[PDB]
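Quick heads-up: it's one chain on its own, the form solved without adenine, in structure tokens.
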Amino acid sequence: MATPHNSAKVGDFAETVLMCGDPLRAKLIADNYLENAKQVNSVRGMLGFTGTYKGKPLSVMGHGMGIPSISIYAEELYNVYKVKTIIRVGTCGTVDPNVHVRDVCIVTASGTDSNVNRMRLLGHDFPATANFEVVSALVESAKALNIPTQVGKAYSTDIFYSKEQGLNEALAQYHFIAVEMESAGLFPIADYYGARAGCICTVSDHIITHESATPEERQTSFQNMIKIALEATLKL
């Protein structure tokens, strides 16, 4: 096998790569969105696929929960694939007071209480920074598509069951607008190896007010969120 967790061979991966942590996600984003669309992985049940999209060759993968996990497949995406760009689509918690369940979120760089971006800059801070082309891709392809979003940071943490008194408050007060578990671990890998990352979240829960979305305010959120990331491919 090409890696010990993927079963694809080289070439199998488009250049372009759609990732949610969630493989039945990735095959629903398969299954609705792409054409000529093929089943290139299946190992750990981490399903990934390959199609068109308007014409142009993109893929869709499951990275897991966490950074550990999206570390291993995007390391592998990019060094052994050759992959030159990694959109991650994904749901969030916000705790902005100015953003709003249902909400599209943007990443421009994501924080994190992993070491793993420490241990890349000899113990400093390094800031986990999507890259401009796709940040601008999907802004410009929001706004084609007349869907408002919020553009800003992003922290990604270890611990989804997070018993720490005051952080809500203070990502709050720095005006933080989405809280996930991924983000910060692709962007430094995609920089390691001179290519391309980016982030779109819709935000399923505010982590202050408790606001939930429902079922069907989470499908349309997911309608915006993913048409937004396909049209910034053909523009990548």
Contents of the next structure:
There are 6 protein chains.
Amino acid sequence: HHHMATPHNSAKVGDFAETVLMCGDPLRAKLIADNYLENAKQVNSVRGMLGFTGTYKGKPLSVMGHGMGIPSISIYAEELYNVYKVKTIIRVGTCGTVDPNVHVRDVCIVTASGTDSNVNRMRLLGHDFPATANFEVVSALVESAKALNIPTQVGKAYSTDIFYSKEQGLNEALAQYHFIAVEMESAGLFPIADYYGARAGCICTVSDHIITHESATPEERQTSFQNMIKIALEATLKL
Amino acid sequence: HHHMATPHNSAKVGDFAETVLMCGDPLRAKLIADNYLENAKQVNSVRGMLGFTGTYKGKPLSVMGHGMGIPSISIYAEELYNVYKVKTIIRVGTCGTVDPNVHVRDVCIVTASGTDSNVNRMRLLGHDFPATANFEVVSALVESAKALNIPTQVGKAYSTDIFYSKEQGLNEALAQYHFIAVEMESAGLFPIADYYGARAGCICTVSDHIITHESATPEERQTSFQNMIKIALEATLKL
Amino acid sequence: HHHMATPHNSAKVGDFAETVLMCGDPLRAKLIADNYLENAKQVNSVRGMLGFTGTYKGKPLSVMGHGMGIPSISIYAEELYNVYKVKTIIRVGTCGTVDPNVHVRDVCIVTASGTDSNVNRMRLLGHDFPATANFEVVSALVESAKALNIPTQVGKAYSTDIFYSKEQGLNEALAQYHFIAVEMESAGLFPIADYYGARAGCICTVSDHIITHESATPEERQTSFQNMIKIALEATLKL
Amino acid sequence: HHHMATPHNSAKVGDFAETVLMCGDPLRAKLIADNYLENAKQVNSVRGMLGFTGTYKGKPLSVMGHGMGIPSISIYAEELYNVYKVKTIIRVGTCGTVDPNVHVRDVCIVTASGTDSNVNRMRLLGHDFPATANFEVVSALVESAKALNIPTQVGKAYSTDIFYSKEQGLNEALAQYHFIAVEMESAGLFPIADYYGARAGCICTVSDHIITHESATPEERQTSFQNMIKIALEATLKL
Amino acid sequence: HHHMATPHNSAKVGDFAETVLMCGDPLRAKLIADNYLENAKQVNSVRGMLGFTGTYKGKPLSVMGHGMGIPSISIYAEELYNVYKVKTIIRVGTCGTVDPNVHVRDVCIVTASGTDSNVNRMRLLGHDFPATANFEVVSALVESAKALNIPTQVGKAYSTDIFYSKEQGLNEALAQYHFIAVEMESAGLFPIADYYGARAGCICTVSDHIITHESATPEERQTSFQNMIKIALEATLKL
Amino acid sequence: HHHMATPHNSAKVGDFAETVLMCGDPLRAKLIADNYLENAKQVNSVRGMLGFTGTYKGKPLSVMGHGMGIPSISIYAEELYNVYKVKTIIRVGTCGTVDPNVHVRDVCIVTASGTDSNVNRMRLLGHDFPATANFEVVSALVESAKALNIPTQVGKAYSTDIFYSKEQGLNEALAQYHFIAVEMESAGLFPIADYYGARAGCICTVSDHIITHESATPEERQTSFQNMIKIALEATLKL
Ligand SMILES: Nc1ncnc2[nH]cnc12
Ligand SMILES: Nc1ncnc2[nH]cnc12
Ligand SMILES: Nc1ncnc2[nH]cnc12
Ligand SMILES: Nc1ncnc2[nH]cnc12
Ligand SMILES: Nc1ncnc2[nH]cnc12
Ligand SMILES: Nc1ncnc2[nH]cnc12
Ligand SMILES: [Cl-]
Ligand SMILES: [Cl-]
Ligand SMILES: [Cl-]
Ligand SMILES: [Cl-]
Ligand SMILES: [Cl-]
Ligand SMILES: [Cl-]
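Based on the form solved without adenine presented above, generate the structure block for the form deposited with adenine bound.
Entire complex below, previous chain first.
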């Protein structure tokens, strides 16, 4: 038995760096730690949601899984900002696209995220509350990709509660308004950062074109991941 | 590289029994398999979401984690009913309560679940769609608890997207209408079972009284879990 | 002039039994009293909404009309639970069906009811509040039908405010999710029972198949009614 | 057994006049017929919902009960306009008031009605559809009251689904915006008249002041009714 | 620098008459003042939103532009009723129609207005609040047109936030329920008048048939305007 | 009579530059043209909504008023992007703030805007659609202010339909989530730019602190305007 600083995390207060990368898959968090962090230690394994703290190019950095969907990321991010006193979270993810000018393997940097969830209406008296990335975070991601000569798409994501959509007309509306990324979490993250006066952003790679059915092979997803993670890691040095 | 029958599960079609127990924590799924299943094999580990198939008292039974929140359980349950041809899912969970006559350690059998999620409005043209447990499943749980001489509370749950509620008046309304369990997933499960012409139910143990702040110790949570899981396992023999 | 214990009921406090059957048509309430109750007296005739109190197999039982729609049943049921101190109400009704495996003359026992009304959102801070039958009531109805060798369908109803629907896609969604009964009142009854810590259920007979246009003749509706009412009456002995 | 032209009315097509008065209480419909119509015959008694057709000062006129709430009046009025080819319906009712300058016994002529029902949003793509009385009907009521030297209040009603309101702040908002009448049906009537290219209005007498708790005695309600019904009857001669 | 009695109006308190005509186009307000008012002075030019005060047939009358859309008219009308102590506002506008029996050049007198705006839900606890014209104002407009032998259509308007509609099915629903006028402001005006215990109405001329594409030429719009404005001006003498 | 390319703009197609600054007050548009544009001509005066086209430091640039509120800016911006083929619109405005660390005279660069309007839900199947500024526009504004040594606040705006708010709790929620600017138009602009595959942004100066009641004097508003307009003009050179 270890003392539990939160109901979902056994890390001691102070065991997370002020900057954290988060991805849905805890096994990918372990890969990030093993392949890119130094001075690394595992700080959480509750519910299998692996988290790690170390350094990237000497600067403190943590990485942890967030699970799938807005309610899951909301638990983990609320705890990180509130109990662990984290200042910056960058979600590092995968996404689909409907945009005709976005292609599988593209790197998407998210400026704001729409949603079919109610969580943000509940925060703003039933009104429209845009889940908005912090500008310094967006800029750090854009500038890191430029320095690395990796092209990026910059624009809106859409975070859905329903992976297995049955909703007629949704893809056409997302395309009409140039949503570049379809995923499941970022719209839950940004308002929590706001509540705590903290910062968040999101970068994703396109695994699937929802319209054309193009899909990245395993090797292509590894190459896309390597590009995205290098951008995110370099961006942390500016944050 | 293994063939992926779904984007989130590496099990081969046929590797799940027709009856599945699911809990949020994949590590608890492993405990259930190790302590209660025979003939057991691990059939999934994608995203750390451990799943297992074996037998309980000779009858095929699987157990798998579902993660936290409606979007997470929706992914896993949709796949189980659709691709894996599962017929019955029982969620085996923990919950809070606001009800003045429900106490920590109590076992709650869920007849229907409210929610603050939009997922069910989206299925029924914006209207009220009650997330409703199958009657045969509820009855099997009630009758198994009676045969085991374990008291139960039977009634409504409330599945929220927001573990860290900031909503004034919610607890008072839940208590006024005798909601017995507050959790995060069951309202997403029941309508998916309906879509597939299949069955679902939920049984939870009370870990926390949201009003009085009573909370179960680790030893008390183990005892509650042992009672709940025996009820669920015996119920599968009737299903 | 008689003293009015409520604005809609001239019965004296205590003039209703703790268990009440209610149907939409007050003339059917009179038929139930005349054909199945002993020791019977009329206790209300305000607005023509006939109500009666007597005994069924020696046990106190009342029967009263509720009129058509959620607002009408809400008035009468609120008064019964609050002023008349009733403990159990069973709605005994007729319904349509869209379900391909439900047929005209079938007896449907309701576990929960959806709706297009706002009344339940207004009770639960705008959220989804499932109108849920009490499990002991559902079980008593199921077991009484079994003892009488009368087949039943058990599952969800949908209570609409609009008998003359013009809503495209509604029937297809109701069928997709296996709603067995379409009627107009039960979703208003169950939350009122909850408010008062009391019990409610509903049993209906299928008069019409909304898809195939099959419709019960007058003789068939009498036979269906005789089956349903015997089930409900026998169930009261267990409640 | 009689042929049923609708599921709720045994009147033969043509048995209703083109102008119909409707009140909630079928027993009050009988009183109106007995005391004010000549050449009168009962044309419906299904569900006890008495309806009558005769003449008032030589002009064809019917009167029928509508029951309590929007779903009930919607059934009866839809049938009257569609099957019975009625052209004008005037609801003749009772109401409460919150308005500080409206008093018990006052006669209120309704120009439009708000609601907490969803029925009108469902007709207009989810938008705000004002339930609006026909101007010729309103004018006929106003001018008849003037000729009879009976004072009237003219303005908005509010039609609620919930007689037993638990809603904090509702009365204060209704008063702030000068709603003169609180009742349960008119907002359902006016849009149905619109659908059929027909006309509707409403006149009510104040039985209760919701704020001060003033309440009309039985004798006072009879006097108020006599004033209101004379206004409505005289108005039919202009319609 | 002049003292600003409101943030949008430089008129001194008392510089507006108790009765005000308002139109969207400030240049049309100037035309009305120049061609129909005597004793006229310009009292506002902030934001170009010209307003004037003078007399019509000896009676004090003002005219001012209101701009386009509910938020714009709401600013100006709130200020007029609150700061300037205005008692009656008549909107004098143009509109489209979908109604098959309404034609270009017709004069429409508005009894109530629907909307796709949220402003009225926000005033009435999320419910349906009909934006309703004052009956004395409607009657004054109707009677003035009759005395001038100018035909009118009387009925509902629909005030939209979106001139450039992309909404499938809207026109068909508006036609089904006999909305006579499509415009952008009146639904915002009427509830503000209510808040202040004051009066409002609206009269419009049909510039365009939304279905047939008929459109008034410039000369036809001038003739329609001359008819409408004479009706409105004469109506002010009765108010 | 001039040909009207749109119902609200007499400019000939081609008479607007590809980049346009817009402000609410047409008189401020004239001031911008007179004081900062060369080669300038007035291209619109319909409804007094002055618009001008010229050059700023040799590059084509237009400036036009947009009026007050989402419906007004939506008309003008839709026309500019669609008929006039504009590529970039920057709203140059004033705002209030509730943020404790934002002060009167501050320059706010908007990354996204919330709203109480329905216009964006109507574009995205009822879901949350964030009104999001284009990143290149935001960056151009930020970098221009830096080069000019003018401090800026960067973050979310809130666009309301109701200048005269009566909404309890709104300011506290806006402050909790660090909304920096309260205004009335930007949330309508950004989705229209998206529809046309075009770009938009917004920069405002704080005229009023909604909490402390601090308010800029006329001289202070002129100084703030001079800072903001120089930032916007310099940003156009990068766009
Ligand atoms: N198509 C998709 N939909 C939702 N979330 C996703 N994450 C990756 N691809 C996705
Ligand atoms: N208090 C609580 N709220 C939500 N989900 C829970 N699961 C267990 N306890 C819970
Ligand atoms: N088709 C139907 N729709 C609604 N309520 C009903 N009650 C009986 N049949 C019905
Ligand atoms: N107070 C009230 N509320 C609702 N409907 C009514 N009808 C008469 N009085 C009423
Ligand atoms: N077609 C139309 N739509 C909206 N407002 C209008 N005003 C005049 N014509 C209109
Ligand atoms: N306080 C305020 N509210 C809304 N819009 C504004 N524009 C400038 N100040 C404002
Ligand atoms: Cl996924
Ligand atoms: Cl949890
Ligand atoms: Cl019916
Ligand atoms: Cl009543
Ligand atoms: Cl217009
Ligand atoms: Cl303003």
